[PDB]
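Keeping the supplied structure of chain C fixed, place chain A upon it in accordance with the hints.
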Amino acid sequence: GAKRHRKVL
Amino acid sequence: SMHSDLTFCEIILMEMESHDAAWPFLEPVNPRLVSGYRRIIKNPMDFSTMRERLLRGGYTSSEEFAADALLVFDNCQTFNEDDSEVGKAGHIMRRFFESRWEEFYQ
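Protein chains in written order, with the authors' numbering: chain C, 14 to 22; chain A, 1794 to 1899.
Hints listed in this document are in silico derivations from the structure and should not be mistaken for laboratory results.
Backbone N, C-alpha and C define an ideal beta-carbon position, used for all residues, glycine too.
One-sided and incomplete, this derived list gives chain A residues near chain C with beta-carbon spacing under 10 Å:
hint : residue
1    : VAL1822
2    : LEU1826
3    : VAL1827
4    : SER1828
5    : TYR1830
6    : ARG1832
7    : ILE1833
8    : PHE1872
9    : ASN1873
10   : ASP1875
11   : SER1877
12   : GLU1878
13   : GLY1880
List of simulated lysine-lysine pairs, PhoX-like, C-alpha gap at most 25 Å:
hint : chain 1 : residue 1 : chain 2 : residue 2
14   : A       : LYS1881   : A       : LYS1835
15   : C       : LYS20     : A       : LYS1835
16   : C       : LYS16     : A       : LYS1835
17   : C       : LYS20     : A       : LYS1881
18   : A       : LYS1881   : C       : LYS16
Have a look at the derived ranges for each label pair, beta carbon to beta carbon:
hint : chain 1 : residue 1 : chain 2 : residue 2 : range
19   : A       : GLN1899   : C       : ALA15     : 38 to 44 Å
20   : A       : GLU1810   : C       : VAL21     : 29 to 35 Å
21   : C       : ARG17     : A       : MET1807   : 27 to 33 Å
22   : A       : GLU1803   : C       : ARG19     : 31 to 37 Å
23   : C       : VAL21     : A       : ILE1804   : 34 to 40 Å
24   : A       : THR1842   : C       : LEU22     : 22 to 28 Å
25   : A       : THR1853   : C       : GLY14     : 37 to 43 Å
26   : C       : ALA15     : A       : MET1795   : 38 to 44 Å
27   : A       : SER1797   : C       : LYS20     : 43 to 49 Å
28   : A       : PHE1889   : C       : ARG17     : 20 to 26 Å
29   : C       : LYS20     : A       : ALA1860   : 25 to 31 Å
30   : A       : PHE1897   : C       : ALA15     : 33 to 39 Å
Only chain C is shown next, with the shape it has when bound in the complex:
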């Protein structure tokens, strides 16, 4: 799955 920011950010 794709690289993505922490949900909280």
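Only chain A this time, still in chain C's reference frame:
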């Protein structure tokens, strides 16, 4: 010497790059692929940028090199979930980096 220290830094960088887990850090992050990266990370750094700096003689000490390596690892921790593939990869790189830096103290 500066030269012998920087030679060893170059070796550490090569050895990091040789790991399977180095893949997220080889080139600068493109925020067109990775949403919010520019908003969240103020000071981007990656291994290609470090390699170019070494080749041009832009590090005057192994401490300057270490500062960039740490930025790579800290940016990764900051941006990515710890259980993400990239998060995990940064933890692997930092651990390996420290394991090699130890040779300065043997």
